[PDB]
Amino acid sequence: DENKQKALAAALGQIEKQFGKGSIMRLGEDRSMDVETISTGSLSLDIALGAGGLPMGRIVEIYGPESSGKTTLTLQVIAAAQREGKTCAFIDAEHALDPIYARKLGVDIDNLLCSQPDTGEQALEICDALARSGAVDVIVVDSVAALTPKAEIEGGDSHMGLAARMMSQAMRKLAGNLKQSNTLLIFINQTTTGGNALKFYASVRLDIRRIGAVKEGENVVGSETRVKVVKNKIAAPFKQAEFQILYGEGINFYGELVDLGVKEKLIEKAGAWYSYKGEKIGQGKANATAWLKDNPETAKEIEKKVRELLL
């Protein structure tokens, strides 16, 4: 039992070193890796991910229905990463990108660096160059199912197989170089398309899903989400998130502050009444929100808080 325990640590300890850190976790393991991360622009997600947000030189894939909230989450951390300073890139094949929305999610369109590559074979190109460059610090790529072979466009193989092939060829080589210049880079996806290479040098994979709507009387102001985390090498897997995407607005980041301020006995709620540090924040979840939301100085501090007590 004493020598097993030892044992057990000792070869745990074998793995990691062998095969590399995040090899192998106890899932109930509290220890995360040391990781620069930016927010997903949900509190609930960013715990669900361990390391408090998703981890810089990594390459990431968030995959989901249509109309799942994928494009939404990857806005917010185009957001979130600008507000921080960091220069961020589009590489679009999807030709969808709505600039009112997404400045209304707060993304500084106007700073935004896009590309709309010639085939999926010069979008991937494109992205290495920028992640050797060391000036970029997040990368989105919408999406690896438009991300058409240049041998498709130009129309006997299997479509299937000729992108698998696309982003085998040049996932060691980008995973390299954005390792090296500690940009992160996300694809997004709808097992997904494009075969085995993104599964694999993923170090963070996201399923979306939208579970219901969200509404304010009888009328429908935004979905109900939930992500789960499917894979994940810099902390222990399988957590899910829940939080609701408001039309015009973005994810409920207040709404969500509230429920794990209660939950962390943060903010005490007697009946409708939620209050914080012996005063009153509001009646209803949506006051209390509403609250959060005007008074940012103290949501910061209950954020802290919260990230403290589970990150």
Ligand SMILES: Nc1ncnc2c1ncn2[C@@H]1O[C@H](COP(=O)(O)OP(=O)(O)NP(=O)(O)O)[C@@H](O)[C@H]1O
The other form holds:
Number of protein chains: 6
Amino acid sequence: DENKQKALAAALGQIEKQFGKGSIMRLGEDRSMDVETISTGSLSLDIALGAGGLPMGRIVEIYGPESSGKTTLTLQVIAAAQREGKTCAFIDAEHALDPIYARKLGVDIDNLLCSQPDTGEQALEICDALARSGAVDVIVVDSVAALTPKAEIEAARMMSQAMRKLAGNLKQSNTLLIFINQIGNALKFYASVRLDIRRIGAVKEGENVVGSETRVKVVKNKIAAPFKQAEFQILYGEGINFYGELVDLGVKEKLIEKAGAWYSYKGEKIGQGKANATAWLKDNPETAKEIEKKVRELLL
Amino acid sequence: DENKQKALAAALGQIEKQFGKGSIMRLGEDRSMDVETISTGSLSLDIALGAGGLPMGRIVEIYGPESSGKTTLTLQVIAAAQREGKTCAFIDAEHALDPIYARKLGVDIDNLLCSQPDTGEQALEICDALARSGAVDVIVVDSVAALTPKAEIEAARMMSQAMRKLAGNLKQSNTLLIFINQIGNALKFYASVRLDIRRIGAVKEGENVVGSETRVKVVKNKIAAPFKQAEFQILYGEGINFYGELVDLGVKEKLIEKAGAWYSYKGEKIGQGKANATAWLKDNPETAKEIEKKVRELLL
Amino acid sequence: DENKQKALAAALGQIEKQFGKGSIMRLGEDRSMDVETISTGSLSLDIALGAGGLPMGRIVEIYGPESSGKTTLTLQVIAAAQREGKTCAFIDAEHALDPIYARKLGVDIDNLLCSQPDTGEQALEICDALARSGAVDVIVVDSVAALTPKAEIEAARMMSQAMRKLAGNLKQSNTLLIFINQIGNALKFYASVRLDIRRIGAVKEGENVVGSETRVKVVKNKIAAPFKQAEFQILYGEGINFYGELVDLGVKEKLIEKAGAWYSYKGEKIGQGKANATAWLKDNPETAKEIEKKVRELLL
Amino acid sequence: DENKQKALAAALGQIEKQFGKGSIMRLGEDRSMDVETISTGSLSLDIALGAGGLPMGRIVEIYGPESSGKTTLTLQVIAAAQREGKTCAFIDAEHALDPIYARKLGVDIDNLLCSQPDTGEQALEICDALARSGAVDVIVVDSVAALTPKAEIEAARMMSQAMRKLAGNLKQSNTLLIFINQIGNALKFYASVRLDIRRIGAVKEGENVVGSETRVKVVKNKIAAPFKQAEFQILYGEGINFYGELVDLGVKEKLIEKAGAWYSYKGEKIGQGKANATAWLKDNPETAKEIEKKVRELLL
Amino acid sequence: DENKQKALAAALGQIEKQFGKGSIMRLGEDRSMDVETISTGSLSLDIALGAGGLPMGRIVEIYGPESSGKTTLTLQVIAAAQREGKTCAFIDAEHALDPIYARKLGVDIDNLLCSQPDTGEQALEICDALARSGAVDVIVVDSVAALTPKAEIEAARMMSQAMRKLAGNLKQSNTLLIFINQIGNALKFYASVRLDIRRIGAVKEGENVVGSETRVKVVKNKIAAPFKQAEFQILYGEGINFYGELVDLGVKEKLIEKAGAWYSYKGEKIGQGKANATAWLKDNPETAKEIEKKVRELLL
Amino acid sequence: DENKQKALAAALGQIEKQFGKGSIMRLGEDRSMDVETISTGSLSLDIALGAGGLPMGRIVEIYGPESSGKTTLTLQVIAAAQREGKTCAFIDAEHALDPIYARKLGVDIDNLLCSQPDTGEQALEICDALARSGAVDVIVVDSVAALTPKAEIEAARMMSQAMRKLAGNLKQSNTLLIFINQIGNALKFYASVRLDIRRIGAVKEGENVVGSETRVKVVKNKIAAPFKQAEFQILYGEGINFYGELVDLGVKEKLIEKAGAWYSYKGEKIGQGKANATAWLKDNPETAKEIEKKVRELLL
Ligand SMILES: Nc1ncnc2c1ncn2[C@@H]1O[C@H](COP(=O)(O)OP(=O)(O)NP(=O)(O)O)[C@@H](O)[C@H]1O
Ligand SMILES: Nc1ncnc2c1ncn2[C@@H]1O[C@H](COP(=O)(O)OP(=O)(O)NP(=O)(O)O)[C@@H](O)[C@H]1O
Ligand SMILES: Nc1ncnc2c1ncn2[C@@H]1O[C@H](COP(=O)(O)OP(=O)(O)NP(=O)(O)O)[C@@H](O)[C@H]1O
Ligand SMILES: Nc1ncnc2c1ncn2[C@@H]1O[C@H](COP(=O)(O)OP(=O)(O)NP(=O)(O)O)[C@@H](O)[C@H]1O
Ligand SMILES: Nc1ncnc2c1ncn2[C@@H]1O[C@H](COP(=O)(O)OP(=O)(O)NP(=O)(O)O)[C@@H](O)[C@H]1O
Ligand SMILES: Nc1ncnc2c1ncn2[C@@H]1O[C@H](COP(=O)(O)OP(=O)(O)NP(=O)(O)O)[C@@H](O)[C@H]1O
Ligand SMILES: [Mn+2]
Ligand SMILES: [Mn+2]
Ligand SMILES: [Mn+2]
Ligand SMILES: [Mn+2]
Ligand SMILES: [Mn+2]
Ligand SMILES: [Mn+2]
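Given the form deposited without the named molecule above, produce the structure of the same protein in the form solved in complex with the named molecule.
Entire complex below, previous chain first.
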């Protein structure tokens, strides 16, 4: 029994020592590798991630069907990074970025570096150069599916080529790199976090579709326990409904009381119906930050 | 004749003495090697296995087409093991575990160890370390097909490498290890049990598909006679329909009487139609356990 | 910090040195590759393009739904080129050119070279021949979608074939080539500029539809920052409402004052309502040119 | 400059040498491939065609809405051909030919070959047989839209099948073949001339509708510059108002003087109002022929 | 020239050999396929048909507006067939046959087979059965427009189904089948003769409307040159005015002399006014038959 | 010949075997399907029907202009049915039944079931329920034209819906159902008998209009040869003049002698003028029944 607990602890310890923390863990453990993170713009996803956001210096993959919200998510990551003064780059092979929508999400477009490479190889080489510079914090690649190999222009093999080198340089510079993928597997193994995202419904303000009910699953997580999920809405032209997540997480954590349709904080009603309570948190950011901080301290 | 019976018995005896019990047997013999087992969650499969479940300290392979039920089966093995206080590990290369579904099947997610290895070699080494610890009872690997060799990332040979060492350490610690495989052959020879599983139909509650008609064949069995089969349903979001198997096995064994569509036990009707009779056993677990125990004593 | 600025500058510099200027840039940078351009006939689009027009010696793609204005746009490019004495060619697979409308837009039909090829391959070969001649400045192909491969007559592969060779010869002769496409991806990668155009409304002179509200997005731009947009009207039988764009851009740039509905320049009213102010600029081209020149100097 | 003119000429020359004259041309050039033609019965259309009529040995397509005048046009082509002793065939899938109207247009019905095929394939095979005979000058098919494939009776693919073979044999025998089409694209590419025809108004002799104002556009022309247009009237029961076209073309070419409503030739009035002047030319065919010849020499 | 005549003859010959006589012909040729025919009751129509009547063993379609005379025509075909001892069938989906009117036209109602099918499919199957019996000479279907498909009761596709089989069996048994259609196209292609019939005026005996001026056009004719026309009257309660046609055809053929309003044959007046001359032929059938025979010999 | 008679007989036999007797027949044949019938109250109509009345278990349609006698006819059918002890139902959507007039015609109003449904669907469902009961012999629906679909209240489609089911249940219970229709076609195909009725004149007893001269045509008859007609009078407040029909039919059949205006039976005068002879038959019902029976035996 006890000696078995010690045997287990030693074994887990030796494994971790050889392959690194995160090479094995209990799915219910609170522990999370100590790493610099960048918020995803979604409170429930930062929590599902265990570390409070995406890890710096690591490779991350985000995949899902068309219109699932992959780009919105990455744009919110960029805005969050830029909010902290970090330098971001956008490697584009999709040719679909909407700067108007991006600014609405907080992205500083004027200072966003951008590249629209001729081939998959060129994209990967530009990524490595930015990684080795030690002067770029976040690199988003949209998308992997559009990274046509030079020969095919004039695939799976291309990715295995410079993936090992790219990972090494990203790690050394502490550069976060996100690959967006639309629904071979060199990315599957080199990524420290893989997110599965999809639209699971519509948000209706009466009878008009105004947003999407979204769900993200952390299918791979080398910094904290994997398989947790996040659910949130993406409002058209506005992005992730962060405050709506704050309303639910506040209640769940017993920081915000819910009596039927009326929500209240510290005794005073903040709104009838999830919609009004959300509007209230949004207009009172100072109190929202406190509640958010409280939730993070409780779940992270 | 008689001297021929004695000659046969001696020959079989010498063979067994040299290569172990299970190296040869009559397909119709009742005898089953005395071994600790872990239920598969399926009554007809535990019976098809001859020992009442999967053998501890041995390697087991479970293969079948996509959506055949391989994972559900392994998750039920884990839940059954955890129900007895055993420590389980999940080595994942598929990145598809659904903890919500897992808890529904009885899995204690919080205490399930999990690893998402970088390479096939790393997975195998983690397996060996957990085996040598003498502190892990069940290890599930999902899946073999996803165990990409390091070189291929930056196959058949990889498996033959540490398979002999892994088997030795598993045996010594009495650790059960299950390899899930999706449809070279080092696994084929080192495994003590190999299960072929597939979907042979759909379960309809009227006209809506609610489950899968499933069939498992024990193509290899070194603990008891091989080639027996098991048939059972896997209900969406619920797992193996254990009680439905109990209804049929109870009847077959003349413990439960069937008169047309009405089933009865000890004189009293328990339901009209296999569905209601199943519901009854499920709501009266204490009586179900007795009938289950009876069936096991009769067929094991 | 500073050393990080220098590290960034060096990295961007090395990238540019290896893959050419335009291989990476800040979306808010003023810099634009020094290149010969040809006006598109639209002031806001020439500005959105960053270089003041489409680049000579490069491949350009213009795509959009039916009736979005693709042809009108290309015809205005041709007229602008011919206004400077440049030799233009029209490779037609649509068989829909209206010379009456074309002359209205300024096109010199009599001197416009035209080809109506039998197959996609023949079209591409004619394009290459005109490119290699060093005697053709602008080549418009209408459209890509109508370039049926010979075999299919008696696709994606056809385009990848001679696209690399065509691009080389166009570059060497400094010949601008525009592919019109109606809504595989060899064009997507070889093009230096890709324009997304569509009708976003109707222009009504009371209650009669007289034009189309149009929007063009520069989804790909290898000569200056991509993703900018242009909005302008296309009047039936007249083409792009250049003067209407001049009214708005003049105001925006504080060159033309707007007080309610009355517009004025240098103190004197030029018209009440965007329509009259536009008419005034149109009848006073000499002053319009000055204002246009001013806007270009300010935004280019 | 000059060397650029020579470079252009050589390039155009090489293109023409490789793909044939007509593979590229200036829209304003006077040159027209030297080919045998058959008048369409319309003076402005024979001119719009550049060669003075439709080309022998080539495929021609004539399409337009219902009642646009497609059949009348083809019937006038047949009459013109028969006037020169040429053998004509009519492949019919519409079953609507009016011999009374046809004779009025000059068609020699008794000697017109006719076929009413069972399937699209049979029609095409009959066409090929007539082509290979070297004894048929003009073949009219009415219509393409009615050429139902055998299978569909007991489409796009059917046309691509024998279109290449038919074209070859027609060319070799110098047989003109016209496909009438009512508003896949194998015809679009194999045709040397494609005509778009439609009714753009009504002809009123007071308040009674007596004819149709018609417009034909040469959307494809491989024998001379494409995109020219023709406008003429089609009088009920009479066909194309040839003399009315002669009045306008004579004036335009300054062969016939117009002073208000009075027209005159060589000093003498021929009628007040376009209607009377037309009647005069019609009653004085010998002078009309001279004026017609003059116009052709001036515009062809 | 001559060799061209021989080339033409050979080509036409080969075509006829491959697709049958009637697959191509000169519209003015006297030749008519040698076939058994059944008079339509109209002398000018039997002549317009070229063979003297409708062809046995073939499918015929007769269409026209309501009250155009379609039924009267078919009833006269039946009477003519029955006059020769032929067995006739009437497949009815209109439910409007007037036996009193039918007997007046010569129809032997008592021996006319009749069917009033439940569905379009049933009608077609009954037709095939009667065809395959080799014991039915004429089948009239009234009408196609009323042949509602079974599914639609509890269309174009239905007709294409058994049309090929029906045609085969009709041909083999030499059974004439007529489809009446009121104003997809499987009938259009399988029919050997298609007749377009309509009312073009009224017959007045003073000021009272007593009949209809009728015109039939043979829009499709695979047994002789198509496109000929027939004009005759249909008197209320009497049917086709055969004798009135005989008066005109006799005159036209110079067998009957007309001097103003007086008609005469072989020197003797037979009546003043087309009406009396008709009455005379009708009361002197023996002489009428001779004149009729003469006309047929001259025009057939 | 003979073998052709046998071929015909076999073919007709096979047709009848496949689609039922009545699927084909000679219009002059005496044969009538053996079926239970209900007199229509009109002797000439029962004869025109071939079976002596309307068929039980089948659907019948009776249509005609307003005031043609449709209701009177159905009321006489009901009275005749009730005279034999049959249970009748009246489904009313017209709301115009006159019980006083009905009793005069022999209808037993007190025992007549009646329904005045809210919607067309409800009417049809009530009909089906009465049909499936096996306890209702005759159902009259007045009228189809008034069967407004539910949706239209808060048509052609409605009828096709339950017409097939209704027909099946009516047949199984041997229930006669009559649809009255006032002048889509699901009724047209499901009905076994369709009657066209209209007023063709007035009955004057001097100069006062006392009745209507009526004519019914059996346009559809699946139990015996169709297209026969019936003529009889409908006297105001009395119904069908049955005896007047008996006078004419008796004479026609040479059972009653007519010498000018005097009628006589078996030698003795029964009245001068059709009116008196009718009165005589009416006052001597016992002799009238014999004559009626005689006529039926002769014509049925
Ligand atoms: N320019 C925009 N303006 C307004 N709302 C936008 C815009 N772009 C995206 N959205 C919103 O973003 C939600 C998420 O879409 P998006 O993030 O672009 O999905 P995606 O999976 O990243 N893209 P793709 O691979 O092309 O389907 C949508 O359904 C829109 O409501
Ligand atoms: N998250 C889930 N929620 C509900 N039902 C599930 C879930 N996962 C699996 N099932 C059920 O499990 C049945 C068995 O599927 P599964 O056990 O995952 O097959 P598999 O062969 O193990 N997997 P794979 O190799 O990926 O096809 C399915 O058809 C589902 O009804
Ligand atoms: N011949 C013409 N005469 C007058 N106005 C024209 C003519 N051709 C085009 N236009 C105008 O051009 C606007 C732009 O149409 P167009 O430029 O032809 O779109 P497109 O996308 O290029 N063509 P397509 O692919 O065929 O739909 C129209 O809506 C018309 O108002
Ligand atoms: N039989 C005829 N008699 C008198 N005028 C005719 C006749 N046929 C055609 N026309 C005239 O021809 C003009 C041109 O019609 P037509 O040439 O038949 O057009 P279409 O496009 O060829 N036919 P379709 O495809 O059937 O609409 C008409 O509007 C008529 O004035
Ligand atoms: N029962 C009848 N009695 C007297 N004349 C009749 C009768 N039926 C038809 N006719 C005459 O037939 C001429 C031709 O009519 P008809 O032959 O029935 O045309 P239809 O096109 O066949 N029928 P439909 O489709 O119903 O319009 C009419 O105008 C009548 O003069
Ligand atoms: N209440 C009544 N009293 C006396 N005579 C009646 C009565 N109802 C009907 N009749 C007679 O019935 C003859 C036949 O009329 P009717 O049977 O009601 O025609 P209908 O076509 O059934 N009805 P509708 O659709 O309303 O016109 C009439 O002209 C009347 O002489
Ligand atoms: Mn995206
Ligand atoms: Mn699985
Ligand atoms: Mn266009
Ligand atoms: Mn036509
Ligand atoms: Mn008819
Ligand atoms: Mn009524």
